[PDB]
Amino acid sequence: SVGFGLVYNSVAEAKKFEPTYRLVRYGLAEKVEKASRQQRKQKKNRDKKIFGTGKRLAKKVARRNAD
Amino acid sequence: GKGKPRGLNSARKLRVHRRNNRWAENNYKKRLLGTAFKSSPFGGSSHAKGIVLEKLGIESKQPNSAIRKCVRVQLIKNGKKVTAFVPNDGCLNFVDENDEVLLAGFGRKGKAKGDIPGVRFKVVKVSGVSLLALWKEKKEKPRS
Amino acid sequence: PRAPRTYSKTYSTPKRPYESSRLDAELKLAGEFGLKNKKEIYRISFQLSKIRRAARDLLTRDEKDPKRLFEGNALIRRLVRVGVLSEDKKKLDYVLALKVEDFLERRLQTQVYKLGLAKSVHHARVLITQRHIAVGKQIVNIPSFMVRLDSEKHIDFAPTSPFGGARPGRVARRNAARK
Amino acid sequence: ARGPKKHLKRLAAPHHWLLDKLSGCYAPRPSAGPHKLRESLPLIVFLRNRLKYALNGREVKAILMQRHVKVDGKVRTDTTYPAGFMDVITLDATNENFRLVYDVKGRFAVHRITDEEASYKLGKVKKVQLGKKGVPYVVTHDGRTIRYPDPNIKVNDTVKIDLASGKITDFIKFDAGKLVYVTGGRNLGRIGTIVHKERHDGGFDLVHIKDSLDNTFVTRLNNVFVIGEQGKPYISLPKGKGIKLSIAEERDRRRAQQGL
Amino acid sequence: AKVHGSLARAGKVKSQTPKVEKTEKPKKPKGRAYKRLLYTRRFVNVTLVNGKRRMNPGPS
RNA sequence: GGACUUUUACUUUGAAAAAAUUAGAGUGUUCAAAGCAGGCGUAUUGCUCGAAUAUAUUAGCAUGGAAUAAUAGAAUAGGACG
RNA sequence: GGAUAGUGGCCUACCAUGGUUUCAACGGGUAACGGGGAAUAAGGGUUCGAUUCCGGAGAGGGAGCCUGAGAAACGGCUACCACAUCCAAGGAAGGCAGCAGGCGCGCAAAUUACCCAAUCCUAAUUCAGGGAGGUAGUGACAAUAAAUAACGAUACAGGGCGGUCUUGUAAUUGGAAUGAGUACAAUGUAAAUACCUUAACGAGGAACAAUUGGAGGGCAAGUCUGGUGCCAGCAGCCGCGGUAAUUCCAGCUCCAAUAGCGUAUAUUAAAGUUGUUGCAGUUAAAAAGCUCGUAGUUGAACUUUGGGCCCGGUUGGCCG
Ligand SMILES: [Mg+2]
Ligand SMILES: [Mg+2]
Ligand SMILES: [Mg+2]
Ligand SMILES: [Mg+2]
Ligand SMILES: [Mg+2]
Ligand SMILES: [Mg+2]
Ligand SMILES: [Mg+2]
Ligand SMILES: [Mg+2]
Ligand SMILES: [Mg+2]
Ligand SMILES: [Mg+2]
Ligand SMILES: [Mg+2]
Ligand SMILES: [Mg+2]
Ligand SMILES: [Mg+2]
Ligand SMILES: [Mg+2]
Ligand SMILES: [Mg+2]
Ligand SMILES: [Mg+2]
Ligand SMILES: [Mg+2]
Ligand SMILES: [Mg+2]
Ligand SMILES: [Mg+2]
Ligand SMILES: [Mg+2]
Ligand SMILES: [Mg+2]
Ligand SMILES: [Mg+2]
Ligand SMILES: [Mg+2]
Ligand SMILES: [Mg+2]
Ligand SMILES: [Mg+2]
Ligand SMILES: [Mg+2]
Ligand SMILES: [Mg+2]
Ligand SMILES: [Mg+2]
Ligand SMILES: [Mg+2]
Ligand SMILES: [Mg+2]
Ligand SMILES: [Mg+2]
Ligand SMILES: [Mg+2]
Ligand SMILES: [Mg+2]
Ligand SMILES: [Mg+2]
Ligand SMILES: [Mg+2]
Ligand SMILES: [Mg+2]
Ligand SMILES: [Mg+2]
Ligand SMILES: [Mg+2]
Ligand SMILES: [Mg+2]
Ligand SMILES: [Mg+2]
Ligand SMILES: [Mg+2]
Ligand SMILES: [Mg+2]
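Residue numbers (the entry's author numbering), protein chains in the order written: chain Z, 69 to 135; chain Y, 2 to 145; chain K, 2 to 180; chain F, 2 to 261; chain f, 2 to 61.
To be clear, the hints were calculated from the coordinates, so they are not data collected in a lab.
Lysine to any residue pairs mimicking SDA-like chemistry, simulated, CA-CA at most 20 Å apart: (1) Z/84 x Z/97; (2) F/245 x K/71; (3) F/53 x Z/86; (4) K/68 x F/247; (5) K/39 x f/43; (6) Y/139 x f/20.
Just need the whole structure built from these sequences, with the hints factored in.
Here you go:
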């Protein structure tokens with residue numbers, strides 16, 4: 069079985085010049101997940117339709133309970 | 002020299018002469034004038050799907066004497082009407098006129114193939130499905 | 002948007018399709034060398050005719066034309082490199098005459114049988130395909146190996162194959178251990 | 002086509018770059034700089050293909066961002082930097098220094114050089130004319146301008162540069178019988194020191210070059226780059242020293258070193 | 002000539018052919034094995050020369 | 001540098017010349033279509049060959065040839081050298 | 001002169017009367033984007049290129065324009081035409097010839113899935129973003145390699161010359177092998193999937209059971225049996241069927257190609273039936289009734305030949 073590998077002059081050098089998927093393939097980097105790419109794409113657009121903080125508009129939405 | 006000029010500067014005459022005489026070639030002219038698209042109801046395409054108008058029985062040509070079963074179909078993409086043969090013993094019980102079928106040529110450059118007077122197309126599938134596969138009971142005719 | 006992965010086909014076909022003389026010959030050749038489809042014959046005729054028009058083209062070049070020499074000695078070199086063209090015929094005038102059969106007898110199912118060890122060209126094909134016989138440890142199940150005449154010294158079965166043996170074999174262990 | 006094209010599909014990249022065909026679908030577009038696009042080579046290619054130092058292109062940038070690489074001086078961290086002919090690629094790590102010189106086949110080869118030789122470089126002057134407040138200047142193959150040059154420094158002549166500073170020290174001239182280097186067409190790589198020039202007023206003066214093998218050849222003026230005196234170059238040449246070995250010659254001696 | 006001939010006879014003979022059922026036989030060999038079988042049947046023991054060869058004599 | 005040059009066709013050689021394609025070299029993708037890889041030791045900290053060649057051919061450029069086929073030249077001498 | 005970034009009838013003013021054309025202008029057609037190129041292999045040719053690279057054009061049809069270095073941009077705006085959505089009837093919003101996916105059209109063409117790991121690109125920039133691109137699915141588009149079997153023993157039988165050499169035809173046998181599949185595992189991968197490795201399984205005819213055409217000629221393979229009876233049907237073409245059908249419908253046996261094979265349409269060779277190479281024209285298709293004659297094609301012969309000296313090249317011989 070032919071392949072290819074490499075050894076570092078330290079582990080702090082490997083943990084910084086080595087791909088993260090490899091670090092997790094080993095167990096030297098945690099596998100903490102993230103939401104589906106398409107999901108955050110939708111979130112990006114959903115966020116673009118808002119201008120500003122978005123904190124002062126919940127005011128009017130909950131303030132039209134009268135109207 | 003029997004005609005054609007052999008001078009070294011008569012290339013124009015030679016090329017235009019052959020360009021003009023190539024019109025005597027049927028294949029060349031057919032492809033150039035575009036008869037395939039104007040005439041020849043198929044749009045020049047390989048096959049064409051149509052609807053069956055009537056179920057005819059054509060008197061065979063002589064010296065033969067039979068009744069070739071065919072169908073008059075109206076091409077859906079063009080509206081033209083053509084008479085096409087439904088070949089093999091039976092297969093006329095499978096046409097069920099006002100059904101949907103597909104037509105192919107006869108492998109004769111139009112020029113209706115046999116003793117069937119003026120028919121240059123044949124049926125391939127009725128109700129869209131494998132006429133020969135219907136002949137041999139591999140498939141079954143759909144509900145409608 | 003991405004480079005086109007090149008391709009080409011390896012088999013020509015006789016124009017006349019129903020020449021009984023050529024058909025009978027073709028069949029005996031197939032049945033002799035252990036071929037399965039006649040196209041493995043059509044194929045060999047294809048590469049042959051290609052090599053032949055490649056040589057015959059140079060043969061009308063002015064004798065000793067530079068590219069003629071380079072590609073000529075290159076062609077004869079690779080042909081002897083595989084062992085089809087005799088070493089006495091190394092000046093390329095004999096390459097126009099490499100009858101097809103010389104190529105077939107230089108296959109691997111052929112040699113696997115010629116140096117005995119298969120007792121049939123068919124047993125040969127079956128063994129080559131069944132995890133058996135290698136050159137070194139390089140098992141090869143392509144009966145059309147075209148052995149290079151140098152690797153022809155090492156044809157002993159692979160280590161694994163329970164025919165020169167590494168184990169009894171799947172059907173044997175139980176045909177015998179079923180009691 | 003509405004503006005500047007910032008991509009480079011594969012099969013459009015220079016052939017002398019030696020890029021495998023199936024490696025995805027695009028090549029790295031060289032950036033704007035000292036050398037013409039079709040007449041250069043980028044760092045990504047050097048550090049990845051020629052030197053096999055970086056495996057991915059992602060790793061090449063990680064290498065450059067540490068200021069390890071410097072060319073003709075400064076760091077030059079542009080992954081797509083258009084490093085060209087005669088440029089000097091030093092390397093803080095490994096103590097290595099390289100000069101960009103072609104083969105006889107026409108591609109850029111890896112050629113290590115001395116730390117001493119890495120301090121200078123040459124350039125074929127491509128233009129010379131007065132400028133700001135009457136001070137004359139010179140612009141050459143490099144893509145750099147040197148103010149106050151010698152009044153004998155004419156066009157098409159080579160020049161030696163300090164690279165610690167800008168000013169030049171020596172300036173070889175384009176005269177009959179001076180070492181030349183062909184950079185153009187695929188006679189590019191051949192070397193041989195001058196035969197004579199055909200003026201041909203109106204454009205495209207042609208140069209006659211004789212390699213030091215009694216073999217003639219011709220090229221166009223903007224393709225020849227004088228490098229010095231016969232047998233006496235001004236830089237460290239590469240193996241084979243550009244003498245156009247024939248296909249049969251190279252194959253013959255390729256089979257010469259036969260036994261291991 | 003006439004174009005409206007009758008159509009009652011469609012599939013007349015296929016309809017009235019007493020359809021004999023196929024008969025089970027051995028599983029024949031594939032390409033190498035099969036064409037080898039033909040190599041043998043045709044070039045190992047010629048089965049007949051009372052004149053020339055015949056590949057399918059029924060009553061001969 | 002100056003002063004002045006009858007016009008053409010043809011043929012030679014060469015430069016200019018994108019890659020893939022094609023013809024084609026090398027390399028044993030287990031074969032092959034392919035790919036441009038790969039091959040070597042001290043396989044412990046390296047050694048090493050490559051990534052050819054050909055091809056453009058009409059037109060333009062450059063160069064040798066002076067047959068073939070044209071054009072022009074001195075006749076009201078308003079000719080040629082000085 | 002104006003305008004442009006700038007040359008220019010680009011535009012204006014004045015003036016003139018020029019400019020292309022049988023050496024085919026001008027107009028028409030194109031089921032026309034151009035090119036690198038593809039198919040067909042004596043050669044000369046013939047035919048095709050929407051389509052992975054290069055160039056151009058466009059974003060439903062036009063026109064106009066803001067920003068800017070760069071757009072007459074359209075996943076920018078403005079207007080008109082056509083299409084067309086939401087509504088509280090007041091109004092508002094849309095531009096898939098991007099990725100998928102949908103309708104229609106049709107002979108005719110796949111998932112509304114995964115990732116920035118690779119290849120490269122952009123930004124303030126090692127980090128973010130990238131339906132560019134890469135993964136898988138769908139996928140007999142085409143292309144490569146090539147399983148569906150291999151050895152026995154025996155038994156009458158031939159032939160070698162029943163014995164001992166197998167030709168093998170055998171309707172009981174025989175122990176061997178293996179992947180198609182299945183699956184620990186590792187590898188593979190961004191994470192998966194397949195492929196490469198490989199434990200456990202995993203073949204005797206009920207199988208892991210090859211097909212598709214054809215069997216009068218061209219054209220390879222039966223004047224076998226049954227049926228039918230110019231009916232049904234076959235038949236590229238020549239021709240078969242009207243009661244023993246070598247052709248139809250079948251059973252049987254056989255041939256060709258074989259994981260492929262048939263059909264329709266086009267195209268190329270064959271085609272020396274487009275003929276430059278290379279056709280034919282008395283009678284088979286074809287010399288204007290006749291002469292003139294412009295364009296075009298073509299057009300006799302003759303001008304430094306011959307002789308002398310030199311140099312040094314490249315094969316190959318006798319030698320080595
Ligand atoms: Mg994202
Ligand atoms: Mg924001
Ligand atoms: Mg006529
Ligand atoms: Mg009618
Ligand atoms: Mg329509
Ligand atoms: Mg760049
Ligand atoms: Mg004017
Ligand atoms: Mg006028
Ligand atoms: Mg005309
Ligand atoms: Mg169009
Ligand atoms: Mg033709
Ligand atoms: Mg195109
Ligand atoms: Mg076209
Ligand atoms: Mg179109
Ligand atoms: Mg494009
Ligand atoms: Mg546009
Ligand atoms: Mg649309
Ligand atoms: Mg309009
Ligand atoms: Mg627009
Ligand atoms: Mg859009
Ligand atoms: Mg856009
Ligand atoms: Mg309201
Ligand atoms: Mg879409
Ligand atoms: Mg399809
Ligand atoms: Mg995509
Ligand atoms: Mg995609
Ligand atoms: Mg099977
Ligand atoms: Mg079985
Ligand atoms: Mg059959
Ligand atoms: Mg026959
Ligand atoms: Mg007739
Ligand atoms: Mg009867
Ligand atoms: Mg009967
Ligand atoms: Mg009968
Ligand atoms: Mg039959
Ligand atoms: Mg075929
Ligand atoms: Mg000729
Ligand atoms: Mg004729
Ligand atoms: Mg007559
Ligand atoms: Mg007459
Ligand atoms: Mg007249
Ligand atoms: Mg003459």
